[PDB]
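So this first bit is one chain, no partners, the form deposited in one PDB entry, shown in structure tokens.
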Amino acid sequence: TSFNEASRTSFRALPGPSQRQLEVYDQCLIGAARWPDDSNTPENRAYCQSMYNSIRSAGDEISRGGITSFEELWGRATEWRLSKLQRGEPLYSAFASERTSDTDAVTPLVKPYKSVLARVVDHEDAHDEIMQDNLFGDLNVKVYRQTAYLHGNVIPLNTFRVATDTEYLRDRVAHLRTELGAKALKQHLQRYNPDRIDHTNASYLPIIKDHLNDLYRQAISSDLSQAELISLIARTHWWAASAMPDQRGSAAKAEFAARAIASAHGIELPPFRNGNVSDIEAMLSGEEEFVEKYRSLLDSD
């Protein structure tokens, strides 16, 4: 329909960021973690406020054909994210880089993720299973295996492991903490902590990134009802958060992208309800159920 000279791409004009804006109080909640087990310093509030401003700005770009692919949106999300990193940060590179096969893909379910232990144990789709470890030996774990449907191929995304033999673990740790030392232990425990999330294999990123581009293409249509629109946004958020494309910062980028797309359509999405951590809520569910409850995870609506 229209043509953007700057990027040399035709597009369909959309209603940029609405003029009605979230209350400055909610603006400072956008992109915040908000763990149910409890962190709102002037910094945390400024970080969120900034995410809010940049979200609407990228949404403005999208509505003008300035951003033309998901990959491009993810890039704007990454650059905003990197701007919040302290000068000379050694982690800077992890926040700017995509994840690969021989790299970190595990999140030990310790503080601040403690509240995930319950969600897994009580998960209607979790199944008892026996985990084999070179250290702890065999353990009884409640396991939730997140999967996705893609072109007829059902793939495994995130896997949650939660050891159930409490007493036995206390003793195993005590013994090991003396046979390997607090040091060697933490290293092995960085990848094999009884309670952990084994993230999506990086080998699936390419088809997932392509799928995210396909949802973006759909999401920027000018003839979508707000019901069809909200669904697409929830899906995009689901796939992005569950894929965890980058070595670091995926949840911020994922939420940023999802809200940038909504913002391009005028939708001013309020922050997530206290206790509702978007990426985790996504990793703990199937695509369809996540889309169904997306609205309820947000404040008003």
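We call the rigid core the largest set of C-alpha positions that still match within 1.5 Å between the two forms. Numbering follows the first chain given and starts at 1. First, how it differs from the form deposited in another entry.
- Only one of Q190, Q226, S93, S101 has its Cα shifted by 2 Å or more between these two forms after fitting on the core, and that residue is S101.
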Given for the second form:
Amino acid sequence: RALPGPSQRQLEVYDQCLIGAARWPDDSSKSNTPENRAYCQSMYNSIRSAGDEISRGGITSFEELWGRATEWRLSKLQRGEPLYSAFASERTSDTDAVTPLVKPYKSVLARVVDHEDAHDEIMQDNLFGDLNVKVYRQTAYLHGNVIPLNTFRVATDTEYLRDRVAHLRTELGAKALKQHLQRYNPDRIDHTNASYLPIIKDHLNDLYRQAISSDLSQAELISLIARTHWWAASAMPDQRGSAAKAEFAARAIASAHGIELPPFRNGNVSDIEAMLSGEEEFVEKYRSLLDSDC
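Same protein, different form: I have the form deposited in one PDB entry, so give me the form deposited in another entry.
We keep it simple here and write out only the one chain, dropping partners and molecules.
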């Protein structure tokens, strides 16, 4: 059964231009820019246009939807073919993905360390040696099976590091020390093993198929949107741009039912909030990562 489709009651522009922003709690300067408002409004507009087609039966599978997200995102790249390739390619199971917790991701270090669910662990390094890391281990549950996801790690004997890093540099070379920190920074996110992504992807068509019901209440819809957001963002299916695509898709399904979600709150980067939480936590906290204030 067909669906309403995007609303005609649109968010005020000031809010369009914040759809898919990355409103870092430590630099919402980039949220305010002319280009980033331009980027966001475009995402706003292409979400609804995907919105239009979910309503009509056009987009049959979450993978098709994710394509639309990817097509959109690529047309915003003014970068070139190494970078184009990345935003357009799924992560393959023969690689790992890693985000070092340098700028602009510094706000995250604190989020891991004061996180109730964090462990204290020992991380054994070939260059620095042994390290105390606060470790958050995101895990989903699916069919009743446990799927590790992203693993945050923050190194905590900081003094020893700055000393040891400076030490290590001059021998191997920054060249050879950079090498190491691109992949093995004491502070880093290690993302979902690309191997889990087939079953996650199957799971997402399942959710997608469910959420393009007609019979669902407002509550159970938003739940299913938060989830789809939650899984897609946390799987990080692509080499780059996953956060942008997750939000786009989560929103396109909303608009297909005639919902108009607002921007996310400031300091609430959607894919990080998702990554740093479990599923039901995020589903319930969802409506308030959103700027729902008149």
